[PDB]
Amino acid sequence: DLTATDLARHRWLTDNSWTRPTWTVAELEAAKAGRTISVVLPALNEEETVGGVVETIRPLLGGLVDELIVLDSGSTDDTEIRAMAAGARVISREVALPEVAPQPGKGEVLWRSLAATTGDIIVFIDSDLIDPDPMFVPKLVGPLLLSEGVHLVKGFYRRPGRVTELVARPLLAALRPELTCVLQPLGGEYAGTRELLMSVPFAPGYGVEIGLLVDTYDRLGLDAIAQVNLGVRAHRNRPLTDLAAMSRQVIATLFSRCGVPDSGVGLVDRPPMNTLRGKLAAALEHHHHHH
């Protein structure tokens, strides 16, 4: 028999998931209604791929996309100069947020990018993608521009993911089962409103994606979360040591959000950016637990 989780998933997929997100660039630009869109590529030593990702987004710059930033995390290869030649604005962690010393990890980069961007919508795309497609950004922003109440859009790939299927999804089933409807909770391609992203803490390192997903859910529920199919992509092979470290941080971040203490046996969470920037901006929509 269907569970409450099953029923919620069915209707959430009907309303908030797009397998064929075929909005046109023209109709999305027309829907902006004065809102601006920033695209951020976090990057650490991605010289072979960063230019290719920038190249797929560059045609939107000056139309759908208002700024295209590579937030470099201290590369020692040619990541930064290749991003420049490909047509992006390269900003370091230190320039993005001068008053806070950096610490390692991807979450730090995305958090700092909130201070370096101005868009009402911020889109994150990994800089290590081997086969980026030019429609990633349109598909990610579609629900934010057209679907009332959506604040976070997760881009997923159809397959022709061990941490996702063995760690993230089973832990969500135990701790936040409604979120098992999200196909790829750890995915690096996603978009959010400034109102949402400035109001939540950012988990460090490999925990950033899952932390944003759970913080959004705990604040707004499933209604605020959407997902879109970015296309067919094969799984990329990562070393087991990388996967184990990713798993351990996914666990730590889930535990910190879900009331589970953690030994610390294996970086700190950053506070909402609205404690440092945009301090008087309008608050994220209320979602009351009392009446």
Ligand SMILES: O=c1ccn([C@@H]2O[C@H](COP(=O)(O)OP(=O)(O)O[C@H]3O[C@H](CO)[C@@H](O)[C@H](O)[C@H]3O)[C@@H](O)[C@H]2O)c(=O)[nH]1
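Residue numbers count along the first chain shown, from 1. The term rigid core refers to the most C-alpha atoms you can superpose between the two forms while keeping them within 1.5 Å. What changes on going to the form deposited with uridine-5'-diphosphate-glucose (UPG) bound:
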Contents of the next structure:
2 protein chains.
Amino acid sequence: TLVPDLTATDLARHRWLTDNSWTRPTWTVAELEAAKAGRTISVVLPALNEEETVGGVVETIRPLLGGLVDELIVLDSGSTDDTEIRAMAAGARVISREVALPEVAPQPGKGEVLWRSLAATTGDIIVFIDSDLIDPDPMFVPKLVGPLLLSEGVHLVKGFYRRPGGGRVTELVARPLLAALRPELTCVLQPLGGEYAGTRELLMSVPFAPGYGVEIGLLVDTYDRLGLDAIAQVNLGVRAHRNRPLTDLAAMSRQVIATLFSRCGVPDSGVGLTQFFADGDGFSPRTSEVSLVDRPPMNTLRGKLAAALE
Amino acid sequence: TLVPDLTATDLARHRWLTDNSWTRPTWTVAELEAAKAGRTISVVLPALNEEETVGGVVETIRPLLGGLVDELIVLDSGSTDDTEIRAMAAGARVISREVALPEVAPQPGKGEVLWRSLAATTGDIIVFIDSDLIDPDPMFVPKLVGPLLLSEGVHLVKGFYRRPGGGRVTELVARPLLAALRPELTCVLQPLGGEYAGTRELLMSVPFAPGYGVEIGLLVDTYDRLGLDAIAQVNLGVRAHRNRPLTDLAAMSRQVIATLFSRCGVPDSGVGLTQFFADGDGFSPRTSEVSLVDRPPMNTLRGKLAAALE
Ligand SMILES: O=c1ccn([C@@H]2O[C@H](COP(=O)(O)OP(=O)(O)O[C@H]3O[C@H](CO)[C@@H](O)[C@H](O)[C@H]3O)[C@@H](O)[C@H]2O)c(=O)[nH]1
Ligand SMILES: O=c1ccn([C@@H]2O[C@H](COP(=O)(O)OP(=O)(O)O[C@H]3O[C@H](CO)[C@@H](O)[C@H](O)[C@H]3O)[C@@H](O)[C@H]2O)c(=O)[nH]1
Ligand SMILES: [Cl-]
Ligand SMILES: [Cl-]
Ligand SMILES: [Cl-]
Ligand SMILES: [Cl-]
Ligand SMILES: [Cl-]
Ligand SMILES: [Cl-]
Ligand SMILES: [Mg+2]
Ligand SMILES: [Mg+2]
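Starting from the form solved without uridine-5'-diphosphate-glucose (UPG) shown above, please give the structure in the form deposited with uridine-5'-diphosphate-glucose (UPG) bound.
After this comes the whole thing, all chains and molecules, with the earlier chain placed first.
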């Protein structure tokens, strides 16, 4: 809706950029573990055919297990390569989508994986880390849980990277649409980032958007329910953006739009994106589908599950 | 709104892709001029500081003047370089925004220029060609007016280019948002293209979006008023996309979104886009503004102007 009271200049100097944004986090693992105060921490790595990188990501996190980190799980998304055994050989516990929630048949896409991981974990804090990262840094998890353990009233922490400019979908799609529909959320540098942490109570009580909608849906639902102050962001360091083909990004953009529209009361047509390429006197069409149906809050399945929710 | 009856596969094979889309136009200038049937044609080149290219674009069109083309105008957008004299030396008539409509003070942006050119031209058909093109082809104008002169019921023709993949704002922003909000318009390959033609009656009767919103606003207003059949597209040939910085494209995307939202009943916040860059412990913010106010249909000023509307 129309917000004539707010300007981009206002947003450029928002107090949130000072109080809830850490460009140089200096927390130590020891003071984070001392601040757990009985809360447990689960780290979840979604993985669809990431045999080349999953072990490297796991090993950056494995030394924390039994100290800061209580559970280290790779949620296997139906991989056909060697993802599972390499994750196990690197020290992670691996759980398939079926084992995570056997009563419900798996759907494709990343949101399904993160949603199912709620039923597979027990931590009061859940940290999500992508398993395709080529150069993961071992301070990812400590930085992501810092604001949850050492600030007040934070329930969602987004990890951003400094650019040595950035992601095309982030800068052209997600952030301009957030300026139009949820302008305070443009304070978040990288709303589509895959490295973030949330408290279980929050995550059990929001729907999970399907496919690549999941990050932006969680950000907007958190903002709508709890306000900007409940969100924080932390600099995870320098990561160069790797190249993805424009055609993949366009299908992903379509789903980001559908998920944002469904959270913001915008009636999305539900129609997938067609992409055309030259042929002769006609085109070579390429289509993708979009989903407008969330997985409901995991709390709604409570008491119906053979493995009980924590 | 929700369109469960339409699918991307339906759109990939839409009859419109056959009847209103020309990948190999073979009209001759002679048969186009014979089909004018008393209609006149005005060619308008908006130009803001294009001294290096404007003359080259004009010269590709100048041989048509007095035959197919009745008026060849560069609408000078407040240039401070040598745009005006180079356009004149290349054979164009040059009209400033002030001279085009002296009763109204100029606003910045491309939409203002195209809107004012309606008052400066007399043609029954108006062709818009960007003045920054490095390699303009002399068949642009003939191809753009072909469907207007030789088809039935066409009022807007969009020129597209084959890629020797494409524009980032087009593929990630405009076309996925059109899939969500006006899915039939995803049949248009390049909705943000600057080379297009329209009939005067249509163009005098729609508002003109400001800045870079103007192309997408004209496309959606034409579709809403007249249907997909009233729109056509023609292959202008091979043009490689030149590189523009991501930060420019993000501000442009924000305005494309605001204009699309204003045509589709989506309440846009009106808040401009902030972009952040690393500094030290803080950021270097960069802001841009967005406009939600159109210029009204030029027909509404009819009879109030010292130079009468055609
Ligand atoms: O069905 C799926 C798809 C992906 N993944 C995993 O999820 C991660 C991210 O998937 P990827 O295709 O690499 O996403 P990106 O292209 O990097 O997309 C960016 O933007 C998306 C939209 O917010 C986020 O979900 C991503 O984490 C973020 O990196 C990887 O570990 C994948 O193996 C699954 O487990 N299952
Ligand atoms: O205030 C302005 C801005 C631009 N122009 C002229 O308009 C043309 C296009 O401007 P440019 O900044 O080069 O646009 P693009 O980055 O190429 O934007 C693409 O996408 C836009 C959104 O639809 C279209 O308006 C453009 O024509 C299209 O080329 C050029 O001849 C400019 O000189 C003006 O006359 N006045
Ligand atoms: Cl390995
Ligand atoms: Cl599946
Ligand atoms: Cl991105
Ligand atoms: Cl010159
Ligand atoms: Cl101006
Ligand atoms: Cl583009
Ligand atoms: Mg990735
Ligand atoms: Mg240009």
